[PDB]
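Below sits a lone chain in structure tokens, taken as the form solved without this ligand.
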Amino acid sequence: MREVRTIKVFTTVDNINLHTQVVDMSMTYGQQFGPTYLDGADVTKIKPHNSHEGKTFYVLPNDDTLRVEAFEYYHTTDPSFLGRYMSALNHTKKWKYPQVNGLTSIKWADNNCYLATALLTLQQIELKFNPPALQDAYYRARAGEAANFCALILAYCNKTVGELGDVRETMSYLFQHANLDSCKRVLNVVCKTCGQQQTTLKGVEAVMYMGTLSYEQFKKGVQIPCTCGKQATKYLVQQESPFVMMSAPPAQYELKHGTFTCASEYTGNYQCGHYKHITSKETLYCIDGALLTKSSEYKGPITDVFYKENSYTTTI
């Protein structure tokens, strides 16, 4: 029929290791590679153009070499991961990432305010990621090119662009891919009936607590039901970590300058709302995507507070 015409392109799963391919310009990328993406755009149903020659396309890990490369870079073997990452990237590459008070933020789009406050929070706590994909993308994000980092957060969290997201859950996912091995927490629970029992927590469980926003109150003791039915007290015995994260269902809470690192504010309900970020510097700054305001005091519906730590031992 038609004289065969070809171009050379490269396929990849990590945008570093390239794989030479010769493609037939009369067949779609999908017929030759399976699902195929060009900087996030789905080109599966597109036939090669001359302008494509020499360009790099993402594909799914469909042979053993690509499977190993994908696991080594992303630390996942979820079959749909790369598709979800590319689908997110096609949107996040169009977002804007302004510098707000020296931090990379995200201009509002696509219901992304939970991602903005997560990204702002990471830049204020000591954290190293384990997957090279997150290491590389986070470095770019700090420099101001955060599109790949934001698309990876979405893919790791199984959230699509626009989907309702929770900051505490997002942070927990990101912490699972970070090196928290040297973090340790010891708690004690005291019941006037049953007595007392210590517990040691490690890793992500050592830096996250759900039930109170106040780190000081956590050191003093919080009231929880004992398994016997009577009210008991749980308090922090020992902490070794560079930060802690305290979370609670949103409630009116007063943030005092100098007593915390940063916080997440949620205005809304369980199906509808909006996040803002508060950071304690020379004064209290409220970052709302690209928007910035200041105040000497702050009271709002807070749901997460971050604090600095290094080593703490109770006197109780």
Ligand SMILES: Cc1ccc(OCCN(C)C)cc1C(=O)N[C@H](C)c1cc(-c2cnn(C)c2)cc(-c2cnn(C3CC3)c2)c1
Given for the second form:
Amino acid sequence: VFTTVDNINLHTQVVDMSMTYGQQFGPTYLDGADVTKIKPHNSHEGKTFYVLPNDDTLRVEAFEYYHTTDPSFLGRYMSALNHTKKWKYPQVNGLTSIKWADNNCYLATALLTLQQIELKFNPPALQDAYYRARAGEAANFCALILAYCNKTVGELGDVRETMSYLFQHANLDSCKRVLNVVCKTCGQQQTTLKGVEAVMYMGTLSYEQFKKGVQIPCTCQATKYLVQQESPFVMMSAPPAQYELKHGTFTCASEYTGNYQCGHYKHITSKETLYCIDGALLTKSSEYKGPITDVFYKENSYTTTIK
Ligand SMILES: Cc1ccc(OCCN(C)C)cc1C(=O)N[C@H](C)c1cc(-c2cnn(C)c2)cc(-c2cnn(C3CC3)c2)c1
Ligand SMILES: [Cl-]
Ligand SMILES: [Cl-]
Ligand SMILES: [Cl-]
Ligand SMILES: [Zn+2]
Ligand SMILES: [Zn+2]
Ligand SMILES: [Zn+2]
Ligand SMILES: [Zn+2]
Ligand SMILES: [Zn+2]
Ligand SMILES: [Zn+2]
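Now that we've seen the form solved without this ligand, could you pull up the form solved in complex with this ligand?
The next block holds the full complex; its first chain is the one shown before.
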């Protein structure tokens, strides 16, 4: 049979039916199923298996593909995959979504959002599954998202927190945000965020209000406005509150209805008209009013007019 850690480079192996897979190769998986406590059967022979890194060759290959050295990672990825490959991934409005199952509402919103923002993942495993998710087979991608976020199937997820962990494994080095804070006593302070901090802001949903200026506390209340922003997109987050989404003013948004952590997530996207994707369900409207917590805007470069 074949054992591998990345499903790219296959290592050939010969097995004995008297000793279980766990005796010969350590923890072994087969399509998410755990064959560690299962003896070798005749149905599968010469097939590819997932094994934990036990030698340095596998340890290196495991980093080249996943960019992590945590031994628990492979197990968590394999256990999430066993759920995600049973999920259904319908095509809603040309985007790949997830039919509701196991509190995946936050996963569906993130998946729909990722198909609409420009993002390059550093781990080859993330990028390869990202591509195959856009094609309609997002099982391995959703499993990887869970493993990289230290979350399990069924656990409650925050879309803003999920996007953050994904952005830290994405190439956002070219992104830059220049801010200026104006306290009357203190004066003017210029800070320059880069990477994940250049893309996300918590406090307001309106990108315009961020450009105008947000009232922030200072070491002395001051005002923080956006000076220059170079990034393929920006994420504006805020606690869930009623908001009016206008057609053409944003890319996509996260609607959150319910109590803290217990609530359910919906995805609103701005196409030729406002669409609302709740798993496999699609509703159309010209205007939208509802409780929004994240809004994704498209950007390329920007420099403020006030100096
Ligand atoms: C689903 C889910 C899953 C997991 C989860 O984990 C949170 C804990 N993490 C550290 C692991 C949160 C959520 C969740 O409800 N998110 C929505 C978006 C949420 C809702 C509410 C809220 C308040 N009252 N009502 C009825 C609703 C408040 C905030 C919030 C306000 N301020 N902020 C941040 C600090 C600045 C976040 C966020
Ligand atoms: Cl890394
Ligand atoms: Cl990374
Ligand atoms: Cl609603
Ligand atoms: Zn090899
Ligand atoms: Zn990396
Ligand atoms: Zn399940
Ligand atoms: Zn399941
Ligand atoms: Zn001050
Ligand atoms: Zn839900």
